[PDB]
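> Take these sequences, add in the hints, and give me the full structure.
2 protein chains.
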Amino acid sequence: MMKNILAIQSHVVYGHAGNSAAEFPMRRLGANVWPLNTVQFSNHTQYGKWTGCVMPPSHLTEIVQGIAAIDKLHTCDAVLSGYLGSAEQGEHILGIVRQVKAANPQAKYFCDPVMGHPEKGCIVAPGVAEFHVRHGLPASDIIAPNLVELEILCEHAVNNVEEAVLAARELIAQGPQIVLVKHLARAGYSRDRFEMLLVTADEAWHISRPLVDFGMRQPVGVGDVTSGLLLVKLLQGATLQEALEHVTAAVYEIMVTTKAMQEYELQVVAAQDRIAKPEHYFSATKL
Amino acid sequence: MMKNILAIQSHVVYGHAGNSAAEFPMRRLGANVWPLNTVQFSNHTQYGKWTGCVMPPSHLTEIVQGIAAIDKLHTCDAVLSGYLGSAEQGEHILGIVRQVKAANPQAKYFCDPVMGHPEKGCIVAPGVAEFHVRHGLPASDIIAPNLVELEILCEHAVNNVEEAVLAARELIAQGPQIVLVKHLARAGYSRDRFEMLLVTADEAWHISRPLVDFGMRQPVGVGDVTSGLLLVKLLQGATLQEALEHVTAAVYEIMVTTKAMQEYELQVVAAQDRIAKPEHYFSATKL
Ligand SMILES: *C(=O)c1c(CO)cnc(C)c1O
Ligand SMILES: Cc1ncc(CO)c(C=O)c1O
Numbered sequence: 001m002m003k004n005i006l007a008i009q010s011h012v013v014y015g016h017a018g019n020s021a022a023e024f025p026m027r028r029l030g031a032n033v034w035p036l037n038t039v040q041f042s043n044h045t046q047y048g049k050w051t052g053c054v055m056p057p058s059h060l061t062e063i064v065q066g067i068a069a070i071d072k073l074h075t076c077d078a079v080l081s082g083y084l085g086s087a088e089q090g091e092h093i094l095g096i097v098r099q100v101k102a103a104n105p106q107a108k109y110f111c112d113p114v115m116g117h118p119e120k121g122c123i124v125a126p127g128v129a130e131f132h133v134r135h136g137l138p139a140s141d142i143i144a145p146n147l148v149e150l151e152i153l154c155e156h157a158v159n160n161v162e163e164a165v166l167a168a169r170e171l172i173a174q175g176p177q178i179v180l181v182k183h184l185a186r187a188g189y190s191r192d193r194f195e196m197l198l199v200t201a202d203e204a205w206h207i208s209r210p211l212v213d214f215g216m217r218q219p220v221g222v223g224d225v226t227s228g229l230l231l232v233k234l235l236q237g238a239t240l241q242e243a244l245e246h247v248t249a250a251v252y253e254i255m256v257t258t259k260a261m262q263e264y265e266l267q268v269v270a271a272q273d274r275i276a277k278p279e280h281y282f283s284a285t286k287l
Numbered sequence: 001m002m003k004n005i006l007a008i009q010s011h012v013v014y015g016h017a018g019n020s021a022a023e024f025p026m027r028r029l030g031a032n033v034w035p036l037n038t039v040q041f042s043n044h045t046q047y048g049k050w051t052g053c054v055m056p057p058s059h060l061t062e063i064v065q066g067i068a069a070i071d072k073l074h075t076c077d078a079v080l081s082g083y084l085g086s087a088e089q090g091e092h093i094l095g096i097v098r099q100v101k102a103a104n105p106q107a108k109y110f111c112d113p114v115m116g117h118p119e120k121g122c123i124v125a126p127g128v129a130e131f132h133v134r135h136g137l138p139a140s141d142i143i144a145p146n147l148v149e150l151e152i153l154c155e156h157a158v159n160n161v162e163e164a165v166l167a168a169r170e171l172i173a174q175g176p177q178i179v180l181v182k183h184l185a186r187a188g189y190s191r192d193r194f195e196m197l198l199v200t201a202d203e204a205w206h207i208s209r210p211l212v213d214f215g216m217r218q219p220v221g222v223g224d225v226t227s228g229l230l231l232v233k234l235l236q237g238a239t240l241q242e243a244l245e246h247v248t249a250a251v252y253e254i255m256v257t258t259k260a261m262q263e264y265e266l267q268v269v270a271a272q273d274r275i276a277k278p279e280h281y282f283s284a285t286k287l
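Those protein sequences? They're chains B and A, same order as listed.
According to the entry's author numbering, the first sequence holds residues 1 to 287 in order.
According to the entry's author numbering, the second sequence holds residues 1 to 287 in order.
Mixed in with the good hints, there may be bad ones.
To be verified - Which residues of chain A face chain B? A partial, calculated answer using Cβ under 8 Å:
| # | residue |
| --- | --- |
| 1 | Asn32 |
| 2 | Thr51 |
| 3 | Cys53 |
| 4 | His59 |
| 5 | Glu62 |
| 6 | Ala69 |
| 7 | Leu94 |
| 8 | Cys122 |
| 9 | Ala173 |
| 10 | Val269 |
Simulated from the structure, these hints should not be mistaken for lab results.
Every residue gets a Cβ at the ideal spot worked out from N, C-alpha and C, and that includes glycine.
Written as structure tokens, this is what we have:
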């Protein structure tokens with residue numbers, strides 16, 4: 001009884017980012033992924049250049065009508081969206097979630113509010129952030145912002161774990177039942193490691209792993225993998241703790257392989273056996 | 001060094017066919033796949049209906065210009081083409097193959113001349129067939145036609161295994177060094193078995209496996225998976241016999257899992273472990 005996820009995000013022909021980074025790892029974990037690509041780019045934006053195009057918003061709507069047309073929309077367990085090529089796609093993606101839920105009221109909407117962080121190298125189109133803030137957030141059942149996005153969504157700064165657990169709950173209040181702060185940064189207990197947070201209304205778990213020295217060029221996609229894998233674990237019945245721990249270790253595995261190979265692109269394929277069964281163990285802490 | 005394959009063929013959001021059928025198994029076997037999708041369809045054409053779009057020919061070329069721009073083309077080890085959305089995509093693909101070859105002279109063009117049966121089978125645009133006999137064939141280093149495609153490519157009927165090895169070699173005289181007759185059908189020893197042929201100027205190998213009964217609804221993508229895995233096997237050093245034995249066993253596992261699950265869509269994900277490590281053994285015969 002495999003889980004089916006309609007993942008609506010970017011696709012790069014060369015390299016990994018969005019669906020190009022998330023799809024394979026998710027399938028290696030035994031889940032089905034229906035990749036509805038939002039763009040088809042030659043490579044990701046951190047290169048400072050890339051060719052390709054943005055799928056028109058109406059194309060995305062037309063794709064799902066086709067899936068409904070063959071009577072399969074009801075088999076979808078979740079809709080995950082991530083990097084959008086334009087703000088107008090957002091609106092159609094919400095119509096999609098509405099249709100998916102009409103066909104399956106248990107389907108969940110997983111919103112990874114990928115906003116543009118030009119300094120880190122991620123280029124996102126204008127209007128996309130406002131979309132997450134005013135429409136995406138309220139419509140989501142699960143949301144996964146990094147620290148910056150958290151601030152943009154709750155509309156105020158966050159400077160520690162306590163404030164993060166609080167800010168997350170401000171979002172939960174607006175709709176999502178689960179919040180994944182996929183990168184605490186300065187707001188974590190230690191800024192010398194990688195920290196994440198998985199918060200619900202009644203509970204909150206903390207996890208961390210070591211930062212991997214990549215210098216002036218961190219590999220794109222860590223957060224897309226993290227989001228993809230988390231949705232997969234939860235849909236499969238993993239507890240909040242189990243989900244967080246497996247996901248943290250698997251990503252670290254991809255991390256070390258990528259660095260060992262002296263590669264800039266996340267090595268999701270080479271590290272595949274350790275995504276399924278990672279060898280490193282990282283402990284979560286219930287706050 | 002992990003092998004890199006630029007695969008130019010279809011993408012379906014729901015289901016498996018083209019890159020959506022071949023990509024996962026290829027990566028599962030440890031190769032990288034750069035998927036340059038020739039279309040983004042809701043499902044495969046054999047449902048009798050679908051939505052989505054064809055990528056414009058120029059789109060295929062600009063994507064590759066993009067990969068060249070970041071200086072990565074030279075890492076491409078092979079260009080694989082399969083289902084094309086239009087006849088003009090073919091021309092651009094041959095431009096792509098020359099570009100990849102100028103950057104990496106050892107790179108190979110693998111042509112799976114999908115011509116379809118636009119009536120009772122696979123729905124392919126008019127003129128694609130013509131592109132294959134005219135250009136695909138002579139530009140290709142490896143070509144994998146099924147029985148109908150072979151007859152069309154050599155311009156004559158083929159009625160048994162020996163005429164097939166013969167027709168394959170008439171193609172080799174036109175350009176490729178390797179021919180995979182991906183399904184012998186009526187031209188094999190028996191129609192009660194799935195047969196294939198891997199042929200070169202000096203040798204030829206025949207292999208068979210049991211048929212898997214799906215009634216009237218025959219799963220799509222078996223040929224796409226077979227070609228991709230053969231390319232991966234060959235690029236990573238397998239002998240003709242090794243390549244053929246592994247690909248035949250692996251595809252068979254996918255088929256038995258598809259049947260056991262009573263699925264119409266090739267279960268390339270459910271059977272992933274038996275793709276890398278098949279539990280069935282099929283012996284190839286050197287003619
Ligand atoms: C044939 O149904 C088909 C192929 C051939 O495997 C590849 N892509 C698509 C979309 C279709 O329909
Ligand atoms: C194309 C593309 N898609 C997704 C992301 C990050 O989720 C990036 C980050 O740079 C990107 O460039």
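> Does each hint fit the structure? Answer for all of them.
Taking the hints in turn, this is what the structure says about them:
no. : hint   : verdict
1   : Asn32  : holds (6 Å)
2   : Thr51  : holds (3 Å)
3   : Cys53  : holds (6 Å)
4   : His59  : holds (6 Å)
5   : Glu62  : holds (4 Å)
6   : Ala69  : holds (6 Å)
7   : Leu94  : violated (18 Å)
8   : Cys122 : violated (16 Å)
9   : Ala173 : violated (34 Å)
10  : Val269 : holds (5 Å)
The structure does not agree with the numbered hints 7, 8, 9 stated previously, though it agrees with the rest.
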